[PDB]
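Take a look at this one chain, the form solved without this ligand, written out in structure tokens.
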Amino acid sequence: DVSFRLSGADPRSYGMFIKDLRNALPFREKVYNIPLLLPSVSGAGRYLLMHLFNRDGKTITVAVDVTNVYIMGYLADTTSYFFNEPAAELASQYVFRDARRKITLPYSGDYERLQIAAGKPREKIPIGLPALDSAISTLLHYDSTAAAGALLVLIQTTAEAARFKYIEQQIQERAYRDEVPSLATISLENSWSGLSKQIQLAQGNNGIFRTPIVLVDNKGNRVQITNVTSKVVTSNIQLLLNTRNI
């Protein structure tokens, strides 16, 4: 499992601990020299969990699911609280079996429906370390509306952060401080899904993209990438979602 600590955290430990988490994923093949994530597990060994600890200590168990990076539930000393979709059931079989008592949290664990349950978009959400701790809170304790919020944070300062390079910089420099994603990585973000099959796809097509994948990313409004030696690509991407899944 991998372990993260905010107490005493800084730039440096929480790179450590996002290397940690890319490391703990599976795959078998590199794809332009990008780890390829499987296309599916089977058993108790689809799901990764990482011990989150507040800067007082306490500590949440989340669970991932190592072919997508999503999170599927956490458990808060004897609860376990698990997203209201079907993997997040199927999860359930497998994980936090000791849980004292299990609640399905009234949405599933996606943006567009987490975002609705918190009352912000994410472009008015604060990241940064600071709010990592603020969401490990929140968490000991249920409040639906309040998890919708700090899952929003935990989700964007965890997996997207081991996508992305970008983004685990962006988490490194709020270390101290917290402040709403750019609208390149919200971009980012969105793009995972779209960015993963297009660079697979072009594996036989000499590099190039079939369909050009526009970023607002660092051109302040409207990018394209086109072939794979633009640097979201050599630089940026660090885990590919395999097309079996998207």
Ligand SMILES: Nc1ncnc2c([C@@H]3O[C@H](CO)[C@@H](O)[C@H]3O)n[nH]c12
Second form
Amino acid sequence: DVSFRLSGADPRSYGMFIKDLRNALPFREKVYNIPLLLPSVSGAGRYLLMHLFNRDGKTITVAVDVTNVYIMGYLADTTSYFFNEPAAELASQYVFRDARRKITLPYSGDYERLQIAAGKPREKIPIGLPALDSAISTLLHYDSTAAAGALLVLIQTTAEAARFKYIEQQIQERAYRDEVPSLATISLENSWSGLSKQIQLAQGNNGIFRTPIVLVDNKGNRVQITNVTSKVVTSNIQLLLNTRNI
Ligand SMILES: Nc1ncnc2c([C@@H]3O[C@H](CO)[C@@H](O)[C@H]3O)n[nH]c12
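Cool, the form solved without this ligand is there; where's the form solved in complex with this ligand?
The complete assembly is shown below, putting the previous chain first.
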């Protein structure tokens, strides 16, 4: 299990938690030196448990599917909450079996539903380590609108920071003050699947992408990734999604 404690978290310890998280996921191969996430796992072993403590030391356990880094739901002392989606219902079979109550959130765990539910698009929700602490605290007592907002912060500061070193760096910049995510990071978040596929499709095409992944990222708008020498490949993306899951 990976843990993090916001109390006395500087940028180093976050980075260290994020390295752990990355490290708890299994992969067999590395494609172009990036870990290729297994195409599937079976059992409770498909699920990684994150223990997250806020500043007062209250904790939620979050459950992450290790095949795609997808947050399934979590446990707040005796209650578990899962998303309203099939994978999340399957997960419920293997995790938090000892909770005294199981609530299904009114929404699935994808961004479009979570933003709708929360009233703000991702671009207008501050993220940082102070936000995450807030987010943890919200989650500790049920409010389905407040949770949509915290879950949006929660996904971005754990799962998306695992996937991309850039985003893990943004959050380090925000260890003591929150700030809305950059276009660059909304773009990276959305393109993980596209990127993942093309990096794999480039083995046996000479590191060349069959289709070029255009990021807004940091060319202000409209960058285009076309082969694997690009920095988003060489230095940014940290975890690959298996093409069996795309
Ligand atoms: N509940 C969740 N937990 C982790 N990641 C996601 C995502 C991510 O949004 C992007 C797909 O368009 C991709 O990174 C998918 O992994 N949406 N919801 C998520």
